[PDB]
Amino acid sequence: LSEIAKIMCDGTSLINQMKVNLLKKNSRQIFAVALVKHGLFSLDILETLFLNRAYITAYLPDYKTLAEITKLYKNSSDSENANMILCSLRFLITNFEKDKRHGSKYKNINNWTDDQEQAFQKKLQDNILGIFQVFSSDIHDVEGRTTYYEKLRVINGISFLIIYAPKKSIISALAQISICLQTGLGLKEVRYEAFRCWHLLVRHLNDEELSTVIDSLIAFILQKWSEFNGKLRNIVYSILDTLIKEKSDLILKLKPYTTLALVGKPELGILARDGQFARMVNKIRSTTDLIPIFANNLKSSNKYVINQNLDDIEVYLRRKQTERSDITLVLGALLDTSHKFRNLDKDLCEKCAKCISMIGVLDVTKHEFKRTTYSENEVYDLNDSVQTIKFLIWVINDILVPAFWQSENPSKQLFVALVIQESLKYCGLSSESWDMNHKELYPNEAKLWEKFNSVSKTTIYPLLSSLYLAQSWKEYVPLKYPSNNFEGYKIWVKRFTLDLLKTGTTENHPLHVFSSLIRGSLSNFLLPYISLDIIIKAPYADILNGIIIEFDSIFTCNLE
Amino acid sequence: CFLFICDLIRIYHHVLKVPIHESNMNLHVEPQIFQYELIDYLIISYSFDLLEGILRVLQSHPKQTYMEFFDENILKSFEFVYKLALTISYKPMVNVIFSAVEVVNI
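Protein sequences, first through last, are from chains F and D.
Quick note on numbering: the first sequence equals residues 741 to 751, 753 to 795, 802 to 823, 829 to 1077, 1090 to 1250, 1252 to 1284, 1288 to 1306, 1311 to 1332 in the deposited numbering.
Residue numbers for the second sequence follow the deposited numbering, beginning at 322 and rising by one.
Take the hints with a grain of salt, since some may be wrong.
What the hints assert, rightly or not - Derived EDC-like pairs (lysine to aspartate or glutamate); straight-line CA-CA distance at most 16 Å: (1) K1134/F to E1066/F; (2) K338/D to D361/D; (3) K999/F to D1041/F; (4) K1110/F to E351/D; (5) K1110/F to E343/D; (6) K1017/F to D1064/F.
No wet-lab data here; the hints were simulated from the structure.
Could you put the whole structure together from the sequences, leaning on the hints where they help?
Below, the structure written as structure tokens:
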């Protein structure tokens, strides 16, 4: 026990203060978790450790957040002992139960508690949130402790989570952990067993899933083929085999594009391994105008997927034309590709231009599907409370969904969970949309919220922190002048904080404002929908607060 | 001649500190002229090559005629050019790399 004393002293005169700080760290650090896995689960022994060199208050209080992942980060044939120890550590999360005989009883034999078979379900689905927060902090931050040792261990642990997780906590942040493992695999060294993990996912997930993550992998593999060794190719083959066998309708009917590309890449032996697979693939292909399919694939942004799209589109167009023979949308797709590229990666832009070379000006009479407008539609946020419901669902479905899905932003998903559940109190009982005759009939399923329907119907954890922003409200000169001076991003932030100023009704506006409260273009999109309340009112303080900027920016210091 | 050409070089100091690499946006679509490239390349090089040749005629002059030329202006002007040349934050450029370092040798 004096080893910690020596370590702190090397850290001396205030070594007691050092011990206090280190104990504070160990409250949620891996100290409690690893002691639990090493010695036992007795909270009395935990107090004994709290008296090893002193520093016990946080024991009951700090029993949940970070020690959960700290324990999770060791999930790694004889270690079944460690597996049961860890699973028992998972059993014991409740600090009160730790104080109770449960404290020394949750490390019992295999036949552990059985009310835990649902209470423990609730427990794990709760701070799956926190442990994901931990791991994304371990991955997508700066991590001056780069140390992909952590990445490896976290991958091991999350794989064991696939080994043991209910559908609900799975989908709690399936897509998030997908992005985490995805950027892992993107990183060089991870792949060696990142693909192992991918296979572990493959062996048992779902049917509705196995879409929103698989194409990324497909693009990766059918793109980087050069730098794949023997055994990488071997595991790849196993993966192909699993793809063929355990979930065939997905590759054949629910995402056939991958099959198109891989077959058109003829150094793989798809027909050699399975000639029956080849038949079906080719049939469906020659059968349904692949142009809209490539259009949907170009709607996946990223980079690898876009490149695969471009190449395969070129090949298809070439062969079809050499023959003799909708057609339009690829052109505008490429337009956006280049437009985003217009500042990033000239090679991608040149690929878009090569596809446009194959196509070209063609005919203008041939109707161009360029749209007319978009949805800035309203739905009585004041009256017709049903239309207010429409208002909120419109807000969440329109753009909050992909942001809540495609964003690479750890903390923002916290607000996602919080305020989206706060919006989901309109469907708070899970069985409303889940097993019941209940007529929740939730709209805007979007196949993503539908993918999230159960995972958000009653997975609500409040997470409602926001404070101390009222007085400094940049409004009336503090806003018009700041925007006319510079900066503009913070100008938009301040303006949209007109809700923090004088809006935020607890009905809808409070949660709506606190939504982006984590805080970047979304500001402009959300901005149009504020001063209507006051201009209804017939208040004047916030009215001027807004109007000052909203009319001074008319010609605010041009020709700066 | 010498100073005149070093500060000629600082009139063409816009060469040896071209960036570390072609950025994702920086294009190589071009008028594709090797003309003014080779122009200024000959210029810069030949000029450093002056530096070389006349400075080595200095070194091969009688030892008597030495310190009469060396002032801190040599340090500062050649310091400008060296910093311009053996970049640690741009593209290095083997010829100028040569020349500059042999001036160090000088």
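So, going through the hints one by one against the coordinates:
For a cut-off of 16 Å, the pair hint linking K1134/F to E1066/F is broken: about 22 Å separates their Cα positions. For the given pair, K338/D sits about 13 Å from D361/D by alpha-carbon distance, which is consistent with the 16 Å threshold. Restraint check for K999/F and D1041/F: the C-alpha separation of about 24 Å exceeds 16 Å, so the hint is violated. At roughly 14 Å between alpha-carbon atoms, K1110/F and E351/D fall within 16 Å of each other, so this suggested pair holds.
With a C-alpha separation of about 11 Å, the suggested pair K1110/F and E343/D falls inside the 16 Å cut-off, and the hint holds. For the proposed pair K1017/F and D1064/F, the alpha carbon gap of about 9 Å is at most 16 Å, so the pair holds.
The structure is inconsistent with the numbered hints 1, 3, although it conforms to all the rest.
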